[PDB]
Amino acid sequence: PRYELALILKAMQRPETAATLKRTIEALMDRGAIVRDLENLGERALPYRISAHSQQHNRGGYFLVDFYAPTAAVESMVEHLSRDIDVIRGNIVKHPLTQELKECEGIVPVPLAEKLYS
Amino acid sequence: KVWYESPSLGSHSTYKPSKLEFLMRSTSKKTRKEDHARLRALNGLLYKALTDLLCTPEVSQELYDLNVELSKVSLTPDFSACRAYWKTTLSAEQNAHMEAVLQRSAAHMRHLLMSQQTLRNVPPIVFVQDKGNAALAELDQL
Amino acid sequence: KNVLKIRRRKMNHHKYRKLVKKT
Amino acid sequence: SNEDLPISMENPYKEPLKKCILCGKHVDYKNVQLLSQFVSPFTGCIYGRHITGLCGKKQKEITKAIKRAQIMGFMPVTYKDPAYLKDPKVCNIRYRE
Amino acid sequence: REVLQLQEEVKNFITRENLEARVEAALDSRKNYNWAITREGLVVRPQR
Amino acid sequence: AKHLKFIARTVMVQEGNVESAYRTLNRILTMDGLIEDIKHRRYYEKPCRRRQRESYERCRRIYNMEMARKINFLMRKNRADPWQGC
Amino acid sequence: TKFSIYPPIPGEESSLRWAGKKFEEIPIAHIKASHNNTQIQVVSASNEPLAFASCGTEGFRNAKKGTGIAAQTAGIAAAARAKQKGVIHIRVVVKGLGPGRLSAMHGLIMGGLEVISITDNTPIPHXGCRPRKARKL
Amino acid sequence: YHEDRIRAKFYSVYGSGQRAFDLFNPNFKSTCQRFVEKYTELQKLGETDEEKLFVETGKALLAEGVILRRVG
Amino acid sequence: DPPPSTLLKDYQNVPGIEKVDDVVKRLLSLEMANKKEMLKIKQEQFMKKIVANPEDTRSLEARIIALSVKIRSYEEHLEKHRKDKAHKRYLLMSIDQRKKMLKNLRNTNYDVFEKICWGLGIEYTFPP
Amino acid sequence: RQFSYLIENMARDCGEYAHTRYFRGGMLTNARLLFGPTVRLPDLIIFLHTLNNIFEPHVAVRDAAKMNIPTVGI
RNA sequence: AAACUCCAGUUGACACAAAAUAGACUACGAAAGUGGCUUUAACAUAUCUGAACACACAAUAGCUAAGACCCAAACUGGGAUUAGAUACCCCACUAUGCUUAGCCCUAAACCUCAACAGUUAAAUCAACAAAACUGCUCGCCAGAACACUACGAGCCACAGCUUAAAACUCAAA
Ligand code: FES
Ligand SMILES: [K+]
Ligand SMILES: [K+]
Ligand SMILES: [Mg+2]
Ligand SMILES: [Mg+2]
Ligand SMILES: [Mg+2]
Ligand SMILES: [Mg+2]
Ligand SMILES: [Mg+2]
Ligand SMILES: [Mg+2]
Ligand SMILES: [Mg+2]
Ligand SMILES: [Mg+2]
Ligand SMILES: [Mg+2]
Ligand SMILES: [Mg+2]
Ligand SMILES: [Mg+2]
Ligand SMILES: [Mg+2]
Ligand SMILES: [Mg+2]
Ligand SMILES: [Mg+2]
Ligand SMILES: [Mg+2]
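Chains as they are written, first to last, in UniProt numbering: chain A, 2 to 119; chain B, 55 to 196; chain C, 128 to 150; chain D, 46 to 142; chain E, 155 to 202; chain F, 2 to 87; chain G, 58 to 194; chain H, 65 to 136; chain I, 66 to 193; chain J, 149 to 222.
Wrong hints could be hidden among the right ones.
Said to hold, decoys possible - Derived DMTMM-like pairs (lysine to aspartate or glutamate); straight-line CA-CA distance at most 25 angstroms: (1) B:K141 - F:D33; (2) B:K84 - B:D132; (3) I:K168 - I:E188; (4) I:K135 - I:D161; (5) F:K40 - B:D184; (6) F:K3 - A:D87; (7) B:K126 - F:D82; (8) I:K114 - I:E96.
Unchecked claim - According to the in silico footprint, chain E covers these stretches of chain D (three or more CB under 8 angstroms from chain E): (9) 66-78; (10) 125-138.
Since the hints were derived computationally from the structure, they do not count as laboratory data.
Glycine included, every Cβ here is placed at the ideal spot set by N, Cα and C.
Just need the whole structure built from these sequences, with the hints factored in.
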């Protein structure tokens, strides 16, 4: 299915960041994934301190990787990201754009009698 | 309904808490079971109204800076007076400033409370001081 | 409701458990 | 029969149902600016729907988005990120003095 | 219609040949998902 | 522990008025429920007890809001007697 | 400019100053207001200890330690030792809802220190250790 | 009534008239009622489209001197 | 199981699906979908092999085939999740519902009952 | 009470009777005690309002039926 | 009071524990239960009813074996209290709460409301609870106490569970 990999990378110089992205996207491809896009969300201060691979981090590079993969690839990729020392935190979620939002007519009022009864 | 009782036969009666109603009342009459409820809940409404006026700067710049906090607000059943309690400050010097501004504000606040037509008939508010053991500070003054 | 029936059953089971322990 | 008799139909003067400020909009865990508008500035506490005015569906989406963003490294937990303090105040809560 | 739309998108998909070019083309760009809502339900895009 | 400090639950003092700053902080923590939360957490409340209290608090709020609405609605007629003598 | 109760954020350019020192450079008065005691430690922005005082170190014992006047006395003692080291402005970080929560701050002011901010850091577990069982009283 | 559909659209498009209802006069005619009568006349002339029958009605009243300020 | 290269049930009858890029074929195949999409292909395979009208989904034949696919999915789930009491219940309840369906098909249409048993590999057993 | 004065005048003008005030318990069912053993009760009671001020049926509606008095009512 | 003083405060590092706010919501599941995040699998039935025992489940506590152990904590010890206190109050600590693999099969396991279908007209209806009923089916009941007991039987249960009487006794319960 279609997944979204939210990737926080160790704050590094441009050459090492590109090598990490290439090494990470190739890991997806080796597991059968079809990578759709790569988005840079920018380098920023983390909302809190994150300890990863015997190091403390206060800034990180936020990236998104939109890709399709078989269901069995997720488990194998999660293990791959845990061993990459340049990844602070990497999570794979189902892509939000696949889930279609249902239409809403509005806010229907709730009867008070039901509230106390329930 | 809930365990809280709402079976009153005169549930549609128009609640009239005014000073004139107290005089035109049967002396034999005693407060009914759910008659205290309206009093307990109306006094709570007055607490809500007063609390918002204190924290909104539009009502008064002097009042807003004071940051007064209301400890208690209980109206009287007579409908002649209202009891409001604000928490005292440590500094007796600061206490004088708060009471002075509150004493003069109350007169305008009453008119501001009349702006709420639901509570248009508001008895004069008696801004009592409590929650800070004012006597204890008074004792140290002596 | 009252628990008087529960209390009778309570005592019967307490005494039975105690009897079994003793013997 | 008679032309002036009432006719059966649906209410023509009926007004549309109310909608929350977020009705019809996608709530993403990466949109921390939006999510921050529904947490306490001082404590980071998620506001109840009686404060946010959101409907049950969007209150849930916002909550799940905040919780996801917090633990994935996009949003702080214990306070509102100060960058977002000057955004539109859409919550019915009054704090300061 | 979904197969046609998807057949065009595949032209822009990342591949092993064009991986290096797309990686560098991303470090120079910025994607912003942030926006705020108002009491009237209007989106307020960021000042960039 | 891992977050930045002097942002959460932090109030600045104005013109040396520390009493008003403390009252603002206490009002903040009260409105967010932290004061009641800290107090309930001194001793363990058992799950059956927490559900009973949460159910009682939710029903009391509903009853109080419903009783306020009734008084507000039925106070419109608190005006002076229009037909005095009849 | 209008007054902001939100503290200045480090790294941004604020105009606020206290004796030429920025908010990030003001020493910190750590007040631990427990149910039976109150502990006050003043430290520098670099985490250098400058003064320590508690109700117990001020000669209060048993239930007397858990009083407001005992905490107020502890604040005065810590303020005196801190003022000798060059402290005027302090940021107050109080953790706990004990009786010396507010009184400990008064003593710091009566001792010659100026409080520029108040921060609550009372530990609240987000789900944490199970507290001791309720008391039957 | 059938005309209620026309009244809902008129109030949506043009809002309530700044002219005040006089419910004491049993023969009072509001701007909406005047609009409804013209809309009914034009429908009887064979026109059947709804969006077209509504725009032509506004023009007729403007020609007669009626003030129709669109709400938006 | 059907090969992973098998197209989804929805995209198998679109005109020109055999001339699209290989990447597009992977994205419309079972390999890139969840297991529920693989079960829809299995159910359709059994429907065409067994039932007279492969498009009649409300007949007793189609229901037995649909339920038999669910039963096999539960068995594979429980092969990996042996302490999942929730699905062990769903499996046993589904087996009982299929036996009830087979009982009603055997009583009404024996010729079709025999083809259902051969096609799905069911050995009917009388209750104790 | 908006119409108490109007109704009382209409009754006097037509030569009939009006009771627009608080209705005391037993005016009809206990009339002999309240008025006297020879008191004549009404042969027809006309209600211009059938509800009391607490939005309950006027007690005279029930008590009129008890005394077999026909009632006209808006 | 005892207790600790290898203690306390600040800062940093840090889990096989527990999951503020949201939640003023009332959702999911057969019930038991389920409220931090993510992914995978996944929530029977195109009539209905249908079991103490068949089949599969079943909070807490408990048992067997190996682990984890922050915190809580039967028991136990200590410190008070008291006429006594093998209680309530304070401190310490263990079984245990957790994980794994097996058992045990009990709850005020309770909306104290059997499933399914239908009705709002009759009489509204002992009372209270939770407005009053109809059709249909399964389970169950027939004064109290003896009795969540005895015996029998089955059971990984061996101070256990399920099923479950009789005699004497009373005019009530
Ligand atoms: S009102 Fe439509 S999604 Fe909230
Ligand atoms: K949590
Ligand atoms: K119950
Ligand atoms: Mg007994
Ligand atoms: Mg059945
Ligand atoms: Mg059964
Ligand atoms: Mg049986
Ligand atoms: Mg049983
Ligand atoms: Mg069990
Ligand atoms: Mg256990
Ligand atoms: Mg311990
Ligand atoms: Mg232990
Ligand atoms: Mg239960
Ligand atoms: Mg049944
Ligand atoms: Mg008996
Ligand atoms: Mg038992
Ligand atoms: Mg037994
Ligand atoms: Mg036996």
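* Asked: Going straight from one Cα to the other, do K168 of chain I and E188 of chain I come out at no more than 25 angstroms?
  -> 12 angstroms, holds
* For the region 66-78 of chain D, does the count of residues with a C-beta closer than 8 angstroms to a C-beta of chain E reach 3? -> holds (count 9)
* Asked: Would the pair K135 of chain I and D161 of chain I pass a check requiring their Cα atoms to be no farther apart than 25 angstroms?
  -> Answer holds: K135 of chain I to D161 of chain I is near 13 angstroms, not above 25 angstroms.
* Taken at face value, is the distance from the CA of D82 of chain F to the CA of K126 of chain B at most 25 angstroms? -> Status violated; Cα separation ~32 angstroms.
* When you check the alpha-carbon spacing of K40 of chain F and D184 of chain B, does it fall within 25 angstroms? -> Roughly 24 angstroms between the alpha carbons, so the hint for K40 of chain F and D184 of chain B holds.
* To do: Quick one: see if chain E covers the region 125-138 of chain D, three-plus residues with Cβ-Cβ under 8 angstroms.
  => holds (count 4)
* Measure nothing beyond the straight line between the CA atoms of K141 of chain B and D33 of chain F; if it is 25 angstroms or shorter, mark the hint as holding. => It holds: about 21 angstroms lies between the C-alpha atoms, which stays within 25 angstroms.
* Asked: Is the hinted pair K84 of chain B and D132 of chain B satisfied, with a Cα-Cα distance of at most 25 angstroms?
  -> 13 angstroms, holds
* Are the Cα atoms of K114 of chain I and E96 of chain I separated by 25 angstroms or less? -> 24 angstroms, holds
* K3 of chain F paired with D87 of chain A [C-alpha distance capped at 25 angstroms] -> OK: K3 of chain F and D87 of chain A at ~20 angstroms, within 25 angstroms.
Checked against the numbered hints given earlier, the structure breaks only hint 7 and satisfies all the rest.
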